[PDB]
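The form solved without ligand NOS is given below as one chain in structure tokens.
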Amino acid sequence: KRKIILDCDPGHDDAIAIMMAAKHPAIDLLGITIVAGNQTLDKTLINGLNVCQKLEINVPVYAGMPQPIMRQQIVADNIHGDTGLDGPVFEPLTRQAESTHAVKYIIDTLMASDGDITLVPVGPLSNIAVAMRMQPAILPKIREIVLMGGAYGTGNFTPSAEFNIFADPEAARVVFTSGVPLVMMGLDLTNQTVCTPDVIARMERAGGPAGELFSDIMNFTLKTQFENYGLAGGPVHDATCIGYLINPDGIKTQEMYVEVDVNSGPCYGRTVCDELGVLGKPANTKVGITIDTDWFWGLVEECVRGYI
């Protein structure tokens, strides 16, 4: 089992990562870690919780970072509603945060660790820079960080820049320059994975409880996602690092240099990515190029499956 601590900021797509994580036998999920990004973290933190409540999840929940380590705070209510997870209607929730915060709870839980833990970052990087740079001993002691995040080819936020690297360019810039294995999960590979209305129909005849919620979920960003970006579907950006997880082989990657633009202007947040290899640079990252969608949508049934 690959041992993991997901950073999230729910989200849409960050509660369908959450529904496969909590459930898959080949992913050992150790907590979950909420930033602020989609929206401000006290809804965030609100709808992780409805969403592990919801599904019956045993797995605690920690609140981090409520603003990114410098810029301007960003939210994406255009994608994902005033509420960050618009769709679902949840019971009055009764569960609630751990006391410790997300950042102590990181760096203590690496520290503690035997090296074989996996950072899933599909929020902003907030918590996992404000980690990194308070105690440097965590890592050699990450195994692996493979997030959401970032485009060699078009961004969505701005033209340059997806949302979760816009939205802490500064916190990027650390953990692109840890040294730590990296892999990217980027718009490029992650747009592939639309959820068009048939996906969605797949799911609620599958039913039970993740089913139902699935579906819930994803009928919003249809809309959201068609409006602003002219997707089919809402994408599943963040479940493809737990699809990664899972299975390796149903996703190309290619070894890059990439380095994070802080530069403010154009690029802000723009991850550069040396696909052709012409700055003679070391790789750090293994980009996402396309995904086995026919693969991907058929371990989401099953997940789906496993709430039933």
The other form holds:
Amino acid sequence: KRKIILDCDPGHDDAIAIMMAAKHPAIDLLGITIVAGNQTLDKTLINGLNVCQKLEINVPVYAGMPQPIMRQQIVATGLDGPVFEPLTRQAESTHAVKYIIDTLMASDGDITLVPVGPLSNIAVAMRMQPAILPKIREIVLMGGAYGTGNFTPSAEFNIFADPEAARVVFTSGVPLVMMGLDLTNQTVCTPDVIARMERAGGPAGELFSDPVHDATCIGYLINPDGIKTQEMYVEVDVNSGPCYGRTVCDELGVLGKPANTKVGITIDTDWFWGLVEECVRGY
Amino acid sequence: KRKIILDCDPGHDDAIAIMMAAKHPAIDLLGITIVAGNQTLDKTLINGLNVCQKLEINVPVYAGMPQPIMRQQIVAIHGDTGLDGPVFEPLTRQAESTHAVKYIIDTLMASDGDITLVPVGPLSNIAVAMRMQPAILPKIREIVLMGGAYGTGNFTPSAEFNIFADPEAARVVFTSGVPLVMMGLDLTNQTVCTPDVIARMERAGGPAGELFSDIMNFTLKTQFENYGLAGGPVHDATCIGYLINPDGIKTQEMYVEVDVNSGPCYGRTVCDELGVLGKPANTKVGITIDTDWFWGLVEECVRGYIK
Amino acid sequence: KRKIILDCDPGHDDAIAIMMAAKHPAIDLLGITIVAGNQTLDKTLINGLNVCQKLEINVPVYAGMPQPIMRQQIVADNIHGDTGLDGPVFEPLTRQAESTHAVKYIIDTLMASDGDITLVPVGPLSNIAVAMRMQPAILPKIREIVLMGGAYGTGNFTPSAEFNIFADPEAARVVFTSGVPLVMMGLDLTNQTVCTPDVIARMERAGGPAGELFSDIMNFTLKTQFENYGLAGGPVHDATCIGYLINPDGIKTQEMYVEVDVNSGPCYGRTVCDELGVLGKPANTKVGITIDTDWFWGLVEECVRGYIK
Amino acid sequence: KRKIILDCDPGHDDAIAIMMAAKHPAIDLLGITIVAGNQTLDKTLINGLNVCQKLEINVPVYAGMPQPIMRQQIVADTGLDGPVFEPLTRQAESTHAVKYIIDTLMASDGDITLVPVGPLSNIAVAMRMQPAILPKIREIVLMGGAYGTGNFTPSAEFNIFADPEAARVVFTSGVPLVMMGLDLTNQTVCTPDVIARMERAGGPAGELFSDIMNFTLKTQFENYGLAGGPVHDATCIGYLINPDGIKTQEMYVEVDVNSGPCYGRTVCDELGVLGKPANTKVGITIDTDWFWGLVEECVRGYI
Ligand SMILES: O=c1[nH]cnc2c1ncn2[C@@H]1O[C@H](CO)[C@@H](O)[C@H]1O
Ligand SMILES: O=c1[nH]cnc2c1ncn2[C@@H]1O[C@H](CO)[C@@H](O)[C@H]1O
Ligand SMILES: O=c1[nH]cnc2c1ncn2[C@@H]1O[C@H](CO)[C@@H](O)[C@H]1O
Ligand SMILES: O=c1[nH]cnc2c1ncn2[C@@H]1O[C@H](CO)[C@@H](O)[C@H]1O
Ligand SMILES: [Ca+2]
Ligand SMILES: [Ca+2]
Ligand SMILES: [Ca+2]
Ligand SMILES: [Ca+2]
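Switching conditions: you have the form solved without ligand NOS, so give me the form deposited with ligand NOS bound.
Every chain and every other molecule in the complex is listed next, the one we just looked at coming first.
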């Protein structure tokens, strides 16, 4: 069992990630922290609460940063589709940043952080209490692209949305795994993938019905052998201009700097969609 | 009475600011938040606690950010402890458990909007609170900060130490839309504390006059070899002076922008003196201070501590 | 026949490009202008002159910019050796650079023209940016620019940047904002043209002075392109520009909005190419995607054999 | 006698610089090179020709760069309103300014000073086109930059802002530099009482000075709040005639080429906090009595 904290901005694929992480026996989901991203924090928080309520997930939810550490905010209800009953659960009182710090400090150094939105909560905690750093076993994140980005030619949305936060994470010295668009764009969810999930049915199959980037991070923790990675020296570009929020990945090793990231190259989509169905079934 | 939260990284002149703010009847000092800067947070916290203990100041002290929001940390001039000179009895005073950033947020949220923030170190605590809880922004009556320079910086030709130590944080503060007053190096360098000014405070005596001497006798050697100023300026204390009586300080309204480009102007406050950009002013920038009024004010506070 | 001015910094693959352009009946090679890049201008000029003398090419050679327009100079001795063209033997030079400066030659020749000359830059863009700014009126006179440079994916010299752009980004920023029709043969395309031992042996078989020069030349970079980037042979990057002019149907291109990054830092000299059109800006460049290597190596051989006596 | 090449974009104060350099026995004016700046090159050229024709100055004029080396062009209406000039009876040489600068320097004995008082496009193009001119240049005395507040932007003085990249080449060239920035040149404000003084000396140069400085009187005040058009460019000529009228301080200077709020800033290390060796003598103060006396002395040489 891998103990995780899932930090997220739901979010359609965030919702799938919550669904998988909460259900698989190889994941111990300690709690969910919410960050503004896909939509404003008031909205992402409600989406996150709704997902857990609908699926009857019993995991503490904590609200975190409603804004990036420095830049002017950008966004993508941020989860249109499924229909939700009136909301009967709320955020914990504790702020997400504090939760992350205290839980890591109290821990034995075996918790993995899994950020799949902009990195505001992670950067604030790291700088607020630098002593958490050797406590983090690993960070498996959804973000970046070694090739073309999405929001801009240069940048993937999660990094573009808080580049300065991303810079802190990438220079933290903690073990990093990056599932970027080069990998996650391979996990396109076509009508017959949806139909397959509908057929499995139950509350998770119906929610899935109403690409799937963030779920690959859970995938990777459940079984790293479905995903090929390559170690690289990665640097985050924080220049204003055409490459703001680019993750510059040194594929060929021409800078002669030691690798700081395992970067996602390819994913076995058969293994992966099998894993999604396996989780949909647990519900 | 102006309610303030004093955010600081003591620090020699920070200690002078603490001394003034805590004593003057025109200032209601709600609490002191500490930020890393002049020295690491472990050290600035102790220096802050030591000042308050020595002067028997009864105000809650909160530890905040031990690092800037993005850049690689730098420290200052102020020595190994960051407050060399005075000798302090063992510290029996302790920091609050609540983190400074939470303290700032909750206090502002609970308030009626008339608390002024007075940051005189790097702006890490301020930027984290503003982004953590954006709703504090209309609650802040004004920010009166020590930082920046429209002319020459000190740490680099372009940048003053407080801004240079966390430019990104500074950019957050300067784009917040909250009323800002900036006491930059252009103003604060006029407040050089020469041997006669020290001798004057020694003469007033008591615990605050002795501390003033011990502290400011150290930054006599150390502000000369670095910048060639007639003595240690008392930068941070001008913020308290501004609140006590704004008429002793001439300000000019300007459009101000913080440069976060890596390179020769990283952490520069770019001030539009002449209005060439056609942008509305966002800052009242310190131009000149009446040093006679000001040193008189310093003495007046020093004397409030004679038992 | 496409009239061209070939601007280059020879350079191993530059020499292959000179060999092809001078010989193919579909190309009218008006002149060769030289720029510092691969090596310093003193060296790239000699390498240029040696190639033409060896192959008995009768085309005026002009020396241009010995330095980039703004940045601190860099070379590629690592890829191209101490001389900038290690490999072949050359007899002492019995020819020399024209007296006219390359930049003036480019300007006057374009001004005097009927607007049908194509520029073919395959080194840093110093000569092209200086002419464009020195005489803005040349701009409508340029039919097209077909350049070797950039990369929409990974660069070579840095993770972000390909050498020709990296060596003068500001010059590049001039070219890419010029409004002249651009074709960019970047590393994404040109890395597909690796020259393995079998390709070399093919050209050796065709023989004559161009086949021998090809062999002497591409054996050097065979090993440096393997030591530095892990490539299977030394690509013939620059020759793809000539190839494109001889027959554009061997090369697949996609129109894109392209922008050169002049920020100091990790993306200095990156060509940022908007593959998916997310910026809603009109395309300014045809970007090389794929090359038919069978067509291309056949074309190389066809040129090599035009030199057998 | 100091041999000079005067590189300029006339320009009201450029014209005063042309007037002084051409007349003073301590200056040997070899030629005038023109750059786009104040106005487009077609305009700055004509202005430069008109000044020499009116004052009967017999010095070759050469047209140079019509555009900066990289950025989008900016200007500061003919570029020299005020004086009335007859129809032009002279023309520019045929040699391009950049080639002129290179050949003249290469042929020289290393005794020529360059005096740039517009954007640095001609200088940066020559330096990079023929790096061998560098040890040949005795000194560069330029009007440009500001260690304090700029004019065109809070950070940048016009000449640098108009071609920062060209400026970065000049400042990293290793050639001896003297910089007459706005911090110095703003002290040389030309008020109605200074104009009336030159009117009184009279002749063709006194009349031109009046017609010219009357225009800038209005447009310096509305734009920068100044008491009357400073005479920026003429200070470089002043500095060569007699350096003792001007106090300088040696500083490490760096040009900022970042896009953003400090594009085209000269960053001057006043206090030496970087620990880098100085590369520039920066103008601090000027004796305005000495200086105006010198202007009059030159105005008088034209009777
Ligand atoms: O179309 C979209 N617009 C904006 N954001 C998206 C879209 N699709 C996915 N994401 C969100 O951005 C991250 C990586 O791009 C993913 O984690 C996903 O939640
Ligand atoms: O010489 C110095 N170097 C760096 N920081 C300093 C120095 N003197 C004081 N401070 C601290 O930084 C701000 C002044 O710019 C002041 O807040 C002071 O506390
Ligand atoms: O692998 C390389 N690294 C750097 N420069 C190279 C390499 N191969 C060729 N060239 C030289 O630089 C340009 C293409 O990048 C080509 O124009 C060539 O002359
Ligand atoms: O008011 C003005 N705005 C902009 N440029 C000016 C002005 N007056 C003169 N110059 C031109 O710009 C340079 C220094 O700013 C001087 O060389 C001058 O010729
Ligand atoms: Ca997400
Ligand atoms: Ca302080
Ligand atoms: Ca080449
Ligand atoms: Ca001028």
